[PDB]
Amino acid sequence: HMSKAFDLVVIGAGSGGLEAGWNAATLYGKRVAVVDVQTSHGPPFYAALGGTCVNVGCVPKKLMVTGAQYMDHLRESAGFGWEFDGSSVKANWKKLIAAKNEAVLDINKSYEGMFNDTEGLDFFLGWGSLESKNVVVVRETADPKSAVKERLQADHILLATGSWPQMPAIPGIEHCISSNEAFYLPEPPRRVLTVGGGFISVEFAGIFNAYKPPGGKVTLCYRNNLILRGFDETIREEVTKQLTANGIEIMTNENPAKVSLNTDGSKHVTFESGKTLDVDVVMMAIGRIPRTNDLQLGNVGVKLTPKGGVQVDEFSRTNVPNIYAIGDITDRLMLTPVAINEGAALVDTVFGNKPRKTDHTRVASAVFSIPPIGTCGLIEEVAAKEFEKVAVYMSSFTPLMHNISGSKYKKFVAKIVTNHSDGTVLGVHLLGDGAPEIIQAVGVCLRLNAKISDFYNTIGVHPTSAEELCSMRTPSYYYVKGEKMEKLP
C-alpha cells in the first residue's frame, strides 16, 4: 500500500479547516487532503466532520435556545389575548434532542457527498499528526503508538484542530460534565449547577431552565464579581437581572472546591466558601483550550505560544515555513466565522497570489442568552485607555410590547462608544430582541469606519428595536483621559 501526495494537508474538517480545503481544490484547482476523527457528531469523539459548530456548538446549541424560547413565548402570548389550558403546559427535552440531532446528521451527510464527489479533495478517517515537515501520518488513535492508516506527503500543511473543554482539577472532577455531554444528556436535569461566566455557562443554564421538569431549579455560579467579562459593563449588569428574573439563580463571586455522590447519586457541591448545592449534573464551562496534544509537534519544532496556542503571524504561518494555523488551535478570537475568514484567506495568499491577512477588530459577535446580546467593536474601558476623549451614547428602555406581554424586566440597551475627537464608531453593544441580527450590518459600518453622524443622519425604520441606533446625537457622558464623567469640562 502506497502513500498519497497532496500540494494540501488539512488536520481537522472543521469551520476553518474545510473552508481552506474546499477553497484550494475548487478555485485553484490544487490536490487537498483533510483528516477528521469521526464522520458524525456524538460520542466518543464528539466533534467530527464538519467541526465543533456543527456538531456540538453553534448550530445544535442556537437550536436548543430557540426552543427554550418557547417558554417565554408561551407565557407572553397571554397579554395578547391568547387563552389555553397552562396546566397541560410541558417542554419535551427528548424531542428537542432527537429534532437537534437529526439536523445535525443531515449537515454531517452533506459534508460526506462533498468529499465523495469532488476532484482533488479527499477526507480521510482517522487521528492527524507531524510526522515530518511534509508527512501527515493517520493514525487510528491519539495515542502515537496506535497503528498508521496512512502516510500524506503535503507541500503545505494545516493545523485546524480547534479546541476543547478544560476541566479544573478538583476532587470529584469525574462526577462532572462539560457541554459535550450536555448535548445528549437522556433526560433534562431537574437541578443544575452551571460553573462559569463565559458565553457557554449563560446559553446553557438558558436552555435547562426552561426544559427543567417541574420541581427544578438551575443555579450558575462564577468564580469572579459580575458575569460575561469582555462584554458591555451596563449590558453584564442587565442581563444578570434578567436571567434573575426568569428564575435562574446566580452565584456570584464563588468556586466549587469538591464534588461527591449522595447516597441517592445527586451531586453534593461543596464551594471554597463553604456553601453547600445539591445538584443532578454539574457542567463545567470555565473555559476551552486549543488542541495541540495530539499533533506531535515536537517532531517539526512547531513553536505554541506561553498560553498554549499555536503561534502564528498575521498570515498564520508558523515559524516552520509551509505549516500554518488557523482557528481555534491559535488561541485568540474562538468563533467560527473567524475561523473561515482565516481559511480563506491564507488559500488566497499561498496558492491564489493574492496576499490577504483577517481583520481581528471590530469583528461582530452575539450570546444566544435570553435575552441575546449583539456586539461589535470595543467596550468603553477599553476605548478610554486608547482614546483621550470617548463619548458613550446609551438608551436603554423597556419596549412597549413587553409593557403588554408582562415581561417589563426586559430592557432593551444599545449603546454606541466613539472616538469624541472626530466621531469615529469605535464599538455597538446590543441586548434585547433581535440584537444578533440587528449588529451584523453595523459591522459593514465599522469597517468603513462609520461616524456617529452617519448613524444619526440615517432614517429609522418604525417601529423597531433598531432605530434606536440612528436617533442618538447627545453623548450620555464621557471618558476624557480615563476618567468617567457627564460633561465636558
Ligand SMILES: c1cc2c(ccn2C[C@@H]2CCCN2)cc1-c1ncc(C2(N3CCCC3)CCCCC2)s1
Given for the second form:
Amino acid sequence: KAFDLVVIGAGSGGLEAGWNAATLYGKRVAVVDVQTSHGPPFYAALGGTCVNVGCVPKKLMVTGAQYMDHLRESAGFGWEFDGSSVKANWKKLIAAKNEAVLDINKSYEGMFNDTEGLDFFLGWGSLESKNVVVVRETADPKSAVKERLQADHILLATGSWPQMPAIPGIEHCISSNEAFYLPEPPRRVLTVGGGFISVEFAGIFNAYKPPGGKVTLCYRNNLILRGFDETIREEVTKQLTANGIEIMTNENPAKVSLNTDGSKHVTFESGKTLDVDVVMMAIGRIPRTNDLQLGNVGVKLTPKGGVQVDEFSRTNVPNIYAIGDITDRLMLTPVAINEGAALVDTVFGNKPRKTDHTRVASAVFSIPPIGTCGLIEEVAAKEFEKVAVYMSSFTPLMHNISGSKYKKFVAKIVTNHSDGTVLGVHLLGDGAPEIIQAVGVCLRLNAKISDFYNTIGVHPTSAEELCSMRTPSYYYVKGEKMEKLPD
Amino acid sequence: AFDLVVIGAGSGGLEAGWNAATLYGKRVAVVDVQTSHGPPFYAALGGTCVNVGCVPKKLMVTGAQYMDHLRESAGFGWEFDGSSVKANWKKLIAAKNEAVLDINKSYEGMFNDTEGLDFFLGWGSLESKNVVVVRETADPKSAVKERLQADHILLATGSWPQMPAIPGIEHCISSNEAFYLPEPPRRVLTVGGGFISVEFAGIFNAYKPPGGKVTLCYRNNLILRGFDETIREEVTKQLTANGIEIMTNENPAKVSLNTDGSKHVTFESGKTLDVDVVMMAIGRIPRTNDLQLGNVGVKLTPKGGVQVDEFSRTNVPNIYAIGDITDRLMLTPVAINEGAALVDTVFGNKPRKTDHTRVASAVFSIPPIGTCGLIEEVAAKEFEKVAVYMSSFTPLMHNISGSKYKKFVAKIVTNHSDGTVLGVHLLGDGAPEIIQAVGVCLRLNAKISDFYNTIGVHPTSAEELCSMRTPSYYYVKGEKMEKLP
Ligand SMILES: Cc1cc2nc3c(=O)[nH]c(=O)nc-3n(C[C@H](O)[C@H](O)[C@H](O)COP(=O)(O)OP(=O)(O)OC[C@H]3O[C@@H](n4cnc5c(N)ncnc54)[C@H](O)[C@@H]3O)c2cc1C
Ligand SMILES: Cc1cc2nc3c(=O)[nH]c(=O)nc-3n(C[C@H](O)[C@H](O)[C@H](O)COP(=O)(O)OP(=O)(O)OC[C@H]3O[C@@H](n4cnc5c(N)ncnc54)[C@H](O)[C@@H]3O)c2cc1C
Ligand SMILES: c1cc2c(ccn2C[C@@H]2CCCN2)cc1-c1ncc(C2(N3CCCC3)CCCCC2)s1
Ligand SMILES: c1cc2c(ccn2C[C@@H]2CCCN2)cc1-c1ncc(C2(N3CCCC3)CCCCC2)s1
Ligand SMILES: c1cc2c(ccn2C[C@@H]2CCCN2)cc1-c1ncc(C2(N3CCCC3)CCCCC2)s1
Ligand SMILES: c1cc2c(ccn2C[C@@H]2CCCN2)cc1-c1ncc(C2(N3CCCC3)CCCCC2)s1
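Moving on from the form solved without the ligand, kindly provide the form deposited with the ligand bound as a structure.
Shown next: the complete complex, the earlier chain at its head.
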C-alpha cells in the first residue's frame, strides 16, 4: 500500500487533486473520508462540505424559499389562485434536497470504483510520520487502525468546521450542519452572525416558517456582511427587513436556557431577551486541524490557526501540502478546486502553477442575491491615490409591477482613476451571481471602465447597467471621499 | 431652421436627438406618428422597443415564466389549490400598457423640458435634400402640418413586420396586434422560426385558456436560423417539452374565416389547422416606403435597407440613416450606439463608428438564449482551425423541480491557432444576463485560457464557461472532425 499521493479529506480540493493526479498523470492515489454520503453523525462526507452541507443543499433550499416571492409576485402579472391555500412543506424540501445530494454521493462513489489508481478509504486520517497516513475507526487516536497508507506525498484537505461560542446553554443551539436536517421548520428562529451563512439561512427559514412565525438575525456589530460593499450591506439589510426578517444589530447572545415547552430563552449581553424555537450559530468557521495529529510530524499553523502554506501549498514539512479551508484564507469551493489542480500540476506535471487569490468572484444567495469580484472602495482607497466609484441603483420595472418595490438593484464599479482599471464590481439583485462570473474574466484581463461602457448592451437586462456608466458618481483622493475631483 | 431633423422618435433617433441638443447645444426636431403606444400605428414616441418590442415583450415573458414557477414550486414543497389557478391575460396587458404609457409620458416630458429639443406629431418624408415634410397621414397627398428646414436629416424609422402574399393574409396578425389581443387565444399558430415567433409561442403557451394549444410552424427544417445549431435543436426539444407543437417544413398557403370567427389555415402541404389567432412572424423589413426617398435619391441596398457607410452616411451629403432601417443588426442597443456615434461625428468633432462585430444579444424564449460572436459554421469559413468547446448539464434545481428537460448548454468557439474566443452561445435560465460581460471579454480579445484560468463562482450556470479546457471537436479548413490531424 505505497501511494504517490494520499489525500486526507475527499472534498472540493482533495477530490480535484486526487482525480487530476490519477487521470492526468497516471499516479496512484488514495483518498480518505469518514462517510460515503451526507448527514449525521459527521455531516460532511465523500464530496466535501459544499456537496453535502454547503453550497449545493443551501442553493437548493434558497431556490425553494424564493417560491414565496414568486407566488406572491405572480399576481401583478395576472396570475390568480387561492392565496389562503398556499402552504410550504419543509419535510418535502429536506427529502428532495437529500435525494439530490445523495445522487452526487453515489456518482463520486462510481468515480472511485471505475477509475484506475484512484482508491477510497473509509475512516479518519491522521499523520503518523512524514510518509505514513494512518486511517483509524474514529477521530480518537486510541481507536483501532484500519490501514497505514505509505505516501510519497500527503495532502491535507479536511476543510473547516462551525465555530461554537462558549456561552452557557450552547448545547441547546445548533450550527448550519444540523439546520440541514431539522425535522420541522422553526416558527421562531434566531440566526446568530452577520455573514453569508446566517443571512442565507435567515431567508430560507423565513419562507418555510409556519404561521405566526418570525425570523430574527442578530449580529454583534453595526452592519451585517462585513467585507462586502457598504451600499449593498445597507440595501440587503433593508430588503431582508422588507420581507419580514428582524435584523438585530449590536447584539450578541450571552446565554440560552430551556423553556418548559422545549423552546429557547435567549439572553443577550445587553439584557434583552428573546424566545425562539431554534438558535442557529453562524458566527464563523475554523480550520479542521484538531484530528490530524499534525504535531506528530511538526506541521506548523499560522498565528490565526490555519495550516501554514506557501503560494504552492507547501507546508513546512517536505512532501506535505495543504489546500482549501484548512489554510484559512478564502473559504470557497472553486478556490480549493483551483489550489488542488495547481498543486498536482506542480508536483506531478512538471508544470509549476499557483492559485491567484485576488479578483476572485463570489456570491451570496440572499434574496435577492449578491455577486461581487475584487476590491470594495474602502480597500481600494488605501492602495490607490485616486479611486473612482460608478454607481447605479433602482427598483427594476418588473418589480414595480410585481409589488416588490423594495427590490432595488445595485451596480457599482470601483476603478483606479489614474488609468481607469477596474478594481472591483459589486452587484445586488436578481441574477447577480450569474452576471458576475464573466466579470471575473474581465478583471483577469485588466479591463478598464471604458471597456465596459464601449461594449454594446444586451437589452433588456440588469447586466447592461454595467455598460451604461461613463461618469464617476464620486471619488476617493488620498483616502478622502468626495463628489468631485479637486480644482 | 434645425441643425438636425430626426424622422422616428425611437431607440436610435431619440439618442441622436437628445445627444445633439444636450451635449452640443444643437437645435433638434424629432418626428413620430403617435405620442403613446398602441393601435393604429403601434410604435410611437419611444420607438418599437418601448412600445411593441423589447420592453413589453420582456414583461410578458416574465409573466409567462410563472406557469413554470407555479408548477416547479411543488418539488420544493409548495402546495396550493391548482384548480383555482387562472392566468389573467387582461390584467397582464393592463399592467404592461401602464408601464409603457409611463415611458411614453416620460419622453413627452423630456421634450417639454429640454431646450433645443422639439417633437412634431405626424408623418415625416423627404421633400428635398433640406426639407422634411410632416403630413397628417402616411398618404403623400394628405394635408401638410409642418415643413422642417434641416442642415442634417436623420432617417430612423425602424422596421416593420413582413407579411406573405397569401389569400386571407388580412385575417393574420403580427407581433404588433398580439400586444393588444382582448383575450388570450385558445389556439394559436405562430408562423416563422425567428426569435419573435419563439418568444410569443412561450407567452401564449402560458396564458392560453383550458383546452388550448400553441403551434409554431417554420418553412424549413430547424427553427432559429443563425443561432448555434446545438442550441437550435435543444430549444426545439424544450419548447416541445412544455407543450408547444413545432411544425417544421410547413408553411401557410391560405387562411379563411370559420363561421365562429376562428381561422382555417391551409398549408402548402395540404394539411389544415383551425386556430383562434394566426401570428405572422416571418421577418421584419426596413420601413422605407412612406419616406418618399425617390424625391432626393437616397440609395437602397438590394434587400431594401437604406445604404450607409461605416459612419451611417447615405449617398446624399447631409442625410444619414441608423437603426433597423439600415437592415443590419436589428437591435435596440446597436441603434442607440449608431445614433450616438453619428452625432459625435457630425457635431462633436470626434469621428466615432459603431462596431457591429462581437455584439451580445438574447432571446427571451423559455428557456432563454444568450449569444455573442460567431457560430461555428461561420468561423469555420473564416479561420483555418476552429475549436468548439461544448458542455451540457442539468442545473441542480431541475433534479428536484420536475423539469428534467431543462438542460443548460454552453458553447465556446475559438480560433484554434491562438486560442482567441470567436463566439459564445448559451441556452438556459440566466443566459441573457451571463452573456453581457462575455461581450466585454470578446472586446478585450479574451482567449479560451482566460476563461478556464478564471476561478468559478459556485454554484452558478455561468461557471461552466470557466470549466472547459479541451475542445470537444474542431473544424480544419471547414471540415468537422473530433480530433486534429
Ligand atoms: C453552509 C455553507 C455554505 C457554503 N456555500 C458556499 C457557496 O455557495 N460557494 C462556495 O464557493 N463555497 C461555499 N461554502 C464553502 C465550501 O463549502 C468550502 O469552502 C469547501 O467545501 C472547502 O473545500 P475543502 O476541499 O477545503 O474541504 P471540504 O470540502 O470541507 O472537504 C473536507 C472533507 O474532509 C473530511 N474529513 C475531515 N476530517 C477528516 C479526517 N481526519 N480524515 C478524513 N476525512 C476527514 C470531511 O468529511 C470532508 O468531506 C459553503 C460552506 C458552508 C458551511
Ligand atoms: C417584438 C419585438 C421584440 C424585440 N425585442 C428586442 C429585444 O429584446 N432586444 C433588442 O435589443 N431589440 C429588440 N427588438 C428590436 C428593437 O425593437 C429594434 O431593433 C429597435 O427598436 C430599432 O430602433 P430604431 O431607432 O431603428 O427604430 P424604432 O425604435 O423602431 O423607432 C422608429 C420610429 O419611427 C416611427 N416612424 C416610422 N415611420 C415614420 C414616419 N414616416 N414619420 C414619423 N415617424 C415614423 C415609428 O412610429 C417608430 O416610433 C424587438 C423588436 C420587436 C418587433
Ligand atoms: C463521476 C462519476 C464517474 C467518473 C468516472 C466514472 N464514474 C462513474 C461512471 C460515470 C458514468 C457511469 N458511472 C467521474 C466522475 C466525475 N465527476 C466530476 C468530476 C470532476 N471532479 C473530480 C473530482 C470531483 C470533481 C473532474 C472532471 C470534470 C468535472 C469535475 S470526475
Ligand atoms: C461521468 C460523470 C461526470 C464526469 C464529469 C462530470 N460528471 C458529472 C457527475 C454528476 C455528479 C458529479 N459529477 C465524467 C464522467 C465519466 N464517465 C466515465 C469516464 C471515463 N471514460 C471517459 C470516456 C468514457 C469512459 C474516464 C476514465 C475513468 C472512468 C471512465 S469520465
Ligand atoms: C440522520 C441520518 C440521515 C439523515 C438523512 C440521511 N441520513 C443517513 C445518510 C444517508 C445514508 C447514510 N447517511 C438525517 C439524519 C438526522 N436528522 C435528524 C436527526 C436528529 N437530529 C436533528 C438533526 C441533527 C440530529 C433528529 C431526528 C432524530 C435523530 C436526531 S438525525
Ligand atoms: C426623461 C425625462 C426628462 C428628461 C429631462 C426632463 N424630463 C422630464 C422631467 C424630468 C424630471 C421630471 N420629468 C430626460 C429624460 C430622459 N430619459 C432617458 C434619457 C436618456 N436617453 C436619451 C433619450 C433617450 C434615452 C438620456 C441619457 C441617459 C439615459 C436615458 S433622457
